[PDB]
Amino acid sequence: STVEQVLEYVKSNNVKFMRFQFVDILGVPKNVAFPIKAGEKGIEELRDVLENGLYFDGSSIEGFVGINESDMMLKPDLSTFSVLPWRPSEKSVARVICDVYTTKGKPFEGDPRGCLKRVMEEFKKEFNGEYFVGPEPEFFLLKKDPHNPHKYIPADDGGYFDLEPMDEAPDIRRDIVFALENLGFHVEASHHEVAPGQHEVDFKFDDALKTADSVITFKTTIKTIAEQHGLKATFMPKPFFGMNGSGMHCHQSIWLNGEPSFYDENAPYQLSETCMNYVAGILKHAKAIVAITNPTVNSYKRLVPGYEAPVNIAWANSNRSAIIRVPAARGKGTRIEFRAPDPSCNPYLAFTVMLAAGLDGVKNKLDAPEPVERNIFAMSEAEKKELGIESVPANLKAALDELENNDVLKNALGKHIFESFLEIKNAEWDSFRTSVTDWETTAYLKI
Amino acid sequence: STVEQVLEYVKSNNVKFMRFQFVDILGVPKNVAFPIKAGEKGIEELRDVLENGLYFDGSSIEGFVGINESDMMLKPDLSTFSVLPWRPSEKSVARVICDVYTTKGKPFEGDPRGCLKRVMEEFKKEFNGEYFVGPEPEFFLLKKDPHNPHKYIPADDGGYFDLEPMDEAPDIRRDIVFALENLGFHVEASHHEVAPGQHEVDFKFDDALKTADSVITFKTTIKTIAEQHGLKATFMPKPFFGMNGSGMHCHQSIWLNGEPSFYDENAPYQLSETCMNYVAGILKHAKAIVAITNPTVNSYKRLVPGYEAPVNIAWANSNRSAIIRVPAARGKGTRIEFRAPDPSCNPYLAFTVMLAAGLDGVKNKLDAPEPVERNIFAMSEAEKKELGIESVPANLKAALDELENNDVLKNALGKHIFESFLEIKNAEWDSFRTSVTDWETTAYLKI
Amino acid sequence: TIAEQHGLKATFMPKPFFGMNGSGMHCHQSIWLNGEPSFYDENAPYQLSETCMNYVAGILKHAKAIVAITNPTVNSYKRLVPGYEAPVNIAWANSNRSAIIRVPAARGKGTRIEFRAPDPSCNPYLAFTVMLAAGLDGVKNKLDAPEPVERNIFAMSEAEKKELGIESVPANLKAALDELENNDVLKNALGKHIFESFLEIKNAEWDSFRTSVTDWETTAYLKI
Ligand SMILES: Nc1ncnc2c1ncn2[C@@H]1O[C@H](COP(=O)(O)OP(=O)(O)OP(=O)(O)O)[C@@H](O)[C@H]1O
Ligand SMILES: Nc1ncnc2c1ncn2[C@@H]1O[C@H](COP(=O)(O)OP(=O)(O)OP(=O)(O)O)[C@@H](O)[C@H]1O
Ligand SMILES: O=C(O)CCC(=O)C(=O)O
Ligand SMILES: O=C(O)CCC(=O)C(=O)O
Ligand SMILES: [Mg+2]
Numbered sequence: 002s003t004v005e006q007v008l009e010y011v012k013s014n015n016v017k018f019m020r021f022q023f024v025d026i027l028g029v030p031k032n033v034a035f036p037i038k039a040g041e042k043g044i045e046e047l048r049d050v051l052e053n054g055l056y057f058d059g060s061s062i063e064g065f066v067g068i069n070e071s072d073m074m075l076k077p078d079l080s081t082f083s084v085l086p087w088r089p090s091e092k093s094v095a096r097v098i099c100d101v102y103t104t105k106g107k108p109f110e111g112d113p114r115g116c117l118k119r120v121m122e123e124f125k126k127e128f129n130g131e132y133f134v135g136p137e138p139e140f141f142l143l144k145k146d147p148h149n150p151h152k153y154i155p156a157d158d159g160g161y162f163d164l165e166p167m168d169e170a171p172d173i174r175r176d177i178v179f180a181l182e183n184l185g186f187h188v189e190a191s192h193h194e195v196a197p198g199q200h201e202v203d204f205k206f207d208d209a210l211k212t213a214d215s216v217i218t219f220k221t222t223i224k225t226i227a228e229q230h231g232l233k234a235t236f237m238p239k240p241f242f243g244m245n246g247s248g249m250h251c252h253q254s255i256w257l258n259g260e261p262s263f264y265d266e267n268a269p270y271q272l273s274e275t276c277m278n279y280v281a282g283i284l285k286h287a288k289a290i291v292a293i294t295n296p297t298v299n300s301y302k303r304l305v306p307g308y309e310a311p312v313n314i315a316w317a318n319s320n321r322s323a324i325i326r327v328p329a330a331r332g333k334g335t336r337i338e339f340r341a342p343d344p345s346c347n348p349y350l351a352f353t354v355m356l357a358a359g360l361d362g363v364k365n366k367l368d369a370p371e372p373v374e375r376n377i378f379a380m381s382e383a384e385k386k387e388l389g390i391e392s393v394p395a396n397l398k399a400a401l402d403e404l405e406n407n408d409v410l411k412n413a414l415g416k417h418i419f420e421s422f423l424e425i426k427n428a429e430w431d432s433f434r435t436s437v438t439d440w441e442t443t444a445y446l447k448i
Numbered sequence: 002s003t004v005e006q007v008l009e010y011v012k013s014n015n016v017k018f019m020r021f022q023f024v025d026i027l028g029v030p031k032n033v034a035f036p037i038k039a040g041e042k043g044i045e046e047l048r049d050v051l052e053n054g055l056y057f058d059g060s061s062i063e064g065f066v067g068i069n070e071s072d073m074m075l076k077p078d079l080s081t082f083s084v085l086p087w088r089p090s091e092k093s094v095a096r097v098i099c100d101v102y103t104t105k106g107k108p109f110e111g112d113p114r115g116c117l118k119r120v121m122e123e124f125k126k127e128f129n130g131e132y133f134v135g136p137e138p139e140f141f142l143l144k145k146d147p148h149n150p151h152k153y154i155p156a157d158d159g160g161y162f163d164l165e166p167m168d169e170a171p172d173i174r175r176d177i178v179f180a181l182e183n184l185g186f187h188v189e190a191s192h193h194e195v196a197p198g199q200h201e202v203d204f205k206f207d208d209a210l211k212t213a214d215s216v217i218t219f220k221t222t223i224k225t226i227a228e229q230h231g232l233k234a235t236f237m238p239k240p241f242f243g244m245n246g247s248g249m250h251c252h253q254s255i256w257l258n259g260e261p262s263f264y265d266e267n268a269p270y271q272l273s274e275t276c277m278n279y280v281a282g283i284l285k286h287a288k289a290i291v292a293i294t295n296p297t298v299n300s301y302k303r304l305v306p307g308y309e310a311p312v313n314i315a316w317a318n319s320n321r322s323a324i325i326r327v328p329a330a331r332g333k334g335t336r337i338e339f340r341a342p343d344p345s346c347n348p349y350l351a352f353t354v355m356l357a358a359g360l361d362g363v364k365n366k367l368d369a370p371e372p373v374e375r376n377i378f379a380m381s382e383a384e385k386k387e388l389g390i391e392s393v394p395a396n397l398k399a400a401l402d403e404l405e406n407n408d409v410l411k412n413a414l415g416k417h418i419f420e421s422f423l424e425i426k427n428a429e430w431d432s433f434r435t436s437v438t439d440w441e442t443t444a445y446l447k448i
Numbered sequence: 225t226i227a228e229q230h231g232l233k234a235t236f237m238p239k240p241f242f243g244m245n246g247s248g249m250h251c252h253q254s255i256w257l258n259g260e261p262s263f264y265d266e267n268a269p270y271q272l273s274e275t276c277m278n279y280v281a282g283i284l285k286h287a288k289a290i291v292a293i294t295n296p297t298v299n300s301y302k303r304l305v306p307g308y309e310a311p312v313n314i315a316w317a318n319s320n321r322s323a324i325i326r327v328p329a330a331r332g333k334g335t336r337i338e339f340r341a342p343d344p345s346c347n348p349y350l351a352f353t354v355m356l357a358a359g360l361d362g363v364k365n366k367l368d369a370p371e372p373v374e375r376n377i378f379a380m381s382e383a384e385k386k387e388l389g390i391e392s393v394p395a396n397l398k399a400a401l402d403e404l405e406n407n408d409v410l411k412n413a414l415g416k417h418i419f420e421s422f423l424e425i426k427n428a429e430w431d432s433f434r435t436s437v438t439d440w441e442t443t444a445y446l447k448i
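Residue numbers (the deposited numbering), protein chains in the order written: chain E, 2 to 448; chain G, 2 to 448; chain L, 225 to 448.
None of these hints come from the bench; they were simulated from the model.
Don't be surprised by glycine CBs; every beta carbon is placed ideally from N, CA and C.
Not one of these hints is a red herring.
The following label-pair restraints were derived from C-beta to C-beta distances:
(1) G:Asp-439 / L:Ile-226: 26 to 34 angstroms
(2) L:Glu-387 / G:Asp-49: 54 to 62 angstroms
(3) L:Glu-274 / G:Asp-439: 46 to 54 angstroms
For reference, chain E alone in the conformation it holds in the complex:
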C-alpha cells in the first residue's frame, strides 16, 4: 500500500497506535509503539515517521550492533500494514513491519528480513523467478498441572483430527482463525494435531517474504489468543517426552516467468528437471540447513537421528518417512515439503538457506537420487548405509559445525548474520552442556 492509503485507513478507522515491528537474529519480534495524534497535525506527524522511519538502540537487539555504534533506524514496509485483532477496536492498534537501516540510510547487513529480500531480489534478477512457501507451524496449548502449579501440561488429551469434547480447543482455534483473517491471512484449515494439546492452523502459501512476515505474526497471534483463553501456547519443538514434537514443514516451489516450473506433465512423477535439481540442492545441504531451520538444543529431541523423525536425507512421494515429501497434488499445486524445520527457526533465515541451497542445485543442474518409496523407519542402519541414506546432525553443535563448513549458506546469510548466529548458538550450546540436568540427577544420584 502507499503512505496515502495507510493514512486514509488510520483516519477513517480511528487507529490510535502504530507498532513499528521487526525481528532480532533469532526471529523474536520487536516493536516500539507510536501514538497517532488527532487532526491534520497528527496525520502529518504520522506521514513523516512512516516515510522517514525512526531510531532505536541496535545494541539492545540480539545479533545487531555493539554499544559504540548503536544508533539504528527502522524503515516501514507499507505493504505489511495490519490492525491487531487482540487489541481494542475503538482507538485501535495497527502495525507496520520494518527493514533495519543504518544511520547512513543503508540496509543493515545483520537484518534477517533484508537478508531474505536480497536473495529473493537476486533470484528475480537472475532467473525471473519467484520463491513460494507454505509453512505449517504446529503448537501446543498448555495449562497448569493441577498437582504442581509451577509446571505446564497439555491442555487436553485429544489426538489427530479429534472432535469435542476430547478436542477441547474449537473455541480457541475459532478465535485464532478470526484473528488471522482480520490480519489478512487466507486460512485454509484447523484441527487438533497428533499429541495431547497440540494443534494446527494452516494458511495459504505466498512469496517467501510475505510468508516470513506471516509466520512471525502467526506465532504472536496464537500466543496472545491462547492467553485470552487462560491457556499458554508454545512453539517449543519438543515440550514433552513420549509424544509428538511440533514441526514447521515448509512446502515450497519456484515459479519461473509466472509458471509452476516444478510441474512437468510428461516427466516421471510429473516432476520437472528443475524440481529434481532443487530437491538435489536441498539434500546436498540438508546437514547445514538444519543449523538454521532447527536452531535450538530442544530441536534435536524431535529431529533425533536413529528414531522416527524427518532426519533421513532422502526424498519420496506421499511418504512421510523422508526429509522431503512430494505431496500427491500436481499442476500449480506441485511442490516439495521440507519436513525437518520446527517453529523455533527465524523464518527469514530458514527461507534464505532453503532457497540458496535449492538454487545451488538448479544452477549446477545437480542430479537428485532416486525417490525412496519404502518406509525408511522400517529399514536397518546397514540397509540405509547401503542405499546411501544419511542422517542430519544429531545435536545443535554438530549442526553448527556443518553450517560453519558450508560456503553456500555462509554466502546467503552474509558474514554478520552467519558469525553472530554461530557465536550466539555456541554460547547457548555451552550453557546446555555445562548444566546438570534432571535426567542426570535421576540416573546418577544413587551412585
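Given chain E's structure and the hints, the job is docking chains G and L with the ligands onto it.
Just chains G and L with the ligands now, kept in the frame of chain E:
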C-alpha cells in the same frame, strides 16, 4: 487573558476542584485542593485565589523554612492549567503548578521551580537563549512476589521492544499515553525497556521549565495509572540487582535567537563551536552535577564506577558507553544526551545545574576533548587513565563533597537550596552508612 | 562449637544488629625489654614510661591504616563508625573509654595500652603484626605522644575536635584500604604477598557490597 481562559474553562466544563501544586527540595510534588463554588460568586472566589494565591505551612515542607517563620504562599502559574485524567469527569479536578513566595510577596529563595526560572531568565537576558530539554524517565512496573507478599518483583519477564504476551504492559502503557495526552503532553513513543517489568514512554522536548513541570506530572501519572491496573510503578534508579537500572537521560540543546545553535553544517561532526563549549562545561562539572542529577544512595548502584554505566567522563557520537552521547540526528534535532541522570532527581534542580555548567563552558569558550569512538567499557583502567577519561564519584557522599567544592553549581542553586540539600543528603547518607544491611548479614553472620 | 552444642549459634560479626552494641576485640598490649615491664615507670607522669609514650605515638600515627587489617570487613565500619560513639577518635586517655587508646588504671606488670578499634573479624596474626610494627615505628624514632584527652570525646563538637587535632579513622573499608595502600611501615611489616593479596581480596569484597541493592535502599526508595 490566561486567567479569563481558565475561569471560562472552569465555568463551562464543570470543574469542581483546583489543586494548587508545587515541589519540595527533593522534587516530591505537594498540593492543597481548593473546592470551586457554584455561580459567579464561586468564580470570583476562584479568581481571587488564582490571582492572589493561598497560604500554607512551609515548615512542613522539606527544604523550605523553620517553624518560627513558617507562613508561606503559592502563586499559581496559569499557563500550567490542566485537568487530572485519573480523577472523575463529572465535577472534574484541575491543577495549577505554583511558584513559592514569602508573605512579603517575594519569590522564595528555597523554591526549586523559581531557581530554574531565574537561571533561564538570566540566560534569555544575557544571550537571548532558550534551554530545551527532552528527558526519558524510565520506570519499573511491579507486582507482589507470590512467594512473599511483603516483597515486590518485576511485573513481567520481557525485554527491550518485546511484544505481547511476553510484554504484559500494552494496556498500562496505552492508558499512560492517553492520560499524558489529556494532560497536554506530546507523546512520542512507548515500549518495553531492557529489564523485566521496565518501560519507557517518551514525550517531546520543550523549554526546561515546561519540561520540569512535565517530569513531575509524568511521574504522578505513571504511578496513579499503574495503581489503577493493580500494579505499582517505581522510579527507583536500581530496584533490582542483576538487571538494568532506570535512567533519565537528558537530551538538551540551547537555541540562540531562535536558531539551533548546536548545529553547524560546515563543522566536524556537524556540531557547532557553541555545542563543543557546552559539552566542555558539562564534562568539567560532571563530578558535581551528579550530586543533584543522581541524589540518592541507590543512584550509585546504577551509576557505578568500574562497571558498564554512564560514569566515564567523555563524549561520543552514537555511542552509549560515554556520559554524553550525541545522537545521529542533525538540524533542529542536533542535541547532546547527558546519560548520567536518573528519575530520582528534582528536575528543576537537575536542569539548573546542567544549564549552569554548560553555560560556564559557553561563557569561557572551553575546549571540548576529542570524542571517544571506542567502546569505553572495553578499555582497561590504565588505558582510560592515559586517555584522561575520569569517572564520576562512586557514591552519594563522594558526589556531595564534589558539589560542596563547586562554585558554579553553588551559585546556580543559591545558598538556601545548596545548604539544605547538602544537610538533608548528609543525614540520608548517615542513615545508610550506620544501618546493618542484608548483604552484610549474608556475608558475615557466619564469622 | 560449644554454642552449637546448646542449640544456639555464635557470631563474631562486628555489628550484627543495628541499634545495639557491636562486638569489639580490644587489644591490651605491652612490650617487655630484657624481661622487664618497660611501659611502667614509677617516677614518670601517669607512671607511664617514655617507651610507652613512643609506642602510643606510633599506633596513633598509623591508626588510619592499622584499621584496614584490624577492622577488615564492610560491617566493621557499622561499629567503627565516624561521627558516632565508637573507638574512632585518634587520641589516647587514662581510664576513659571514648578514645581509640585507653590506658587501664592498673600499674606495675599490669601497665599496658588498650587499642580499642579492633573487632573479632580480623586475622589476629596480621592484626598483631601491624600493631607491633606501628608501635615500634614510634619506639625506633622516639615519637612524641600527644597529651592525653581526659574529657568525654563523644561530648565534643567536630570543630572542637578539629582544633584539638583529634582525627577520625577512615569511615569505610575502601577508605581504610586506601590508607593501608599508602603506608610503607605496614606494607613492609606484612610483606608484598600478604599486602597485595589482602588489598585484592578486600577490593573485590568492597565491589561486591557497593554493587548490591540493599534492603535499606528498597525501604527508602521503592516509593519514589
Ligand atoms: N505450489 C505451492 N508452492 C508452495 N506451497 C504450496 C503450494 N501449494 C500449496 N502450498 C501450501 O502447502 C501448505 C500445506 O498444504 P496442505 O496442508 O494442503 O498439504 P498437506 O499434504 O496436507 O501437508 P500436511 O499433511 O503436512 O498438512 C499450505 O500452506 C499450502 O498453501
Ligand atoms: N533539538 C533537541 N533538543 C533537545 N531535545 C530534543 C531535541 N530533539 C529531540 N529531543 C528530545 O530528545 C528525546 C529523545 O528522543 P528519541 O528517543 O527520539 O532519541 P534517542 O536518541 O533515540 O533516545 P534513546 O535511544 O536513548 O531512547 C525526546 O524527548 C525528544 O523530544
Ligand atoms: O475448531 C476449529 O478448528 C475451527 C473453529 C470451528 O470449527 C468451530 O468454531 O467449531
Ligand atoms: O504498548 C504501548 O507501548 C502503547 C499502547 C499500545 O500500543 C496498545 O494499545 O497496544
Ligand atoms: Mg494439514
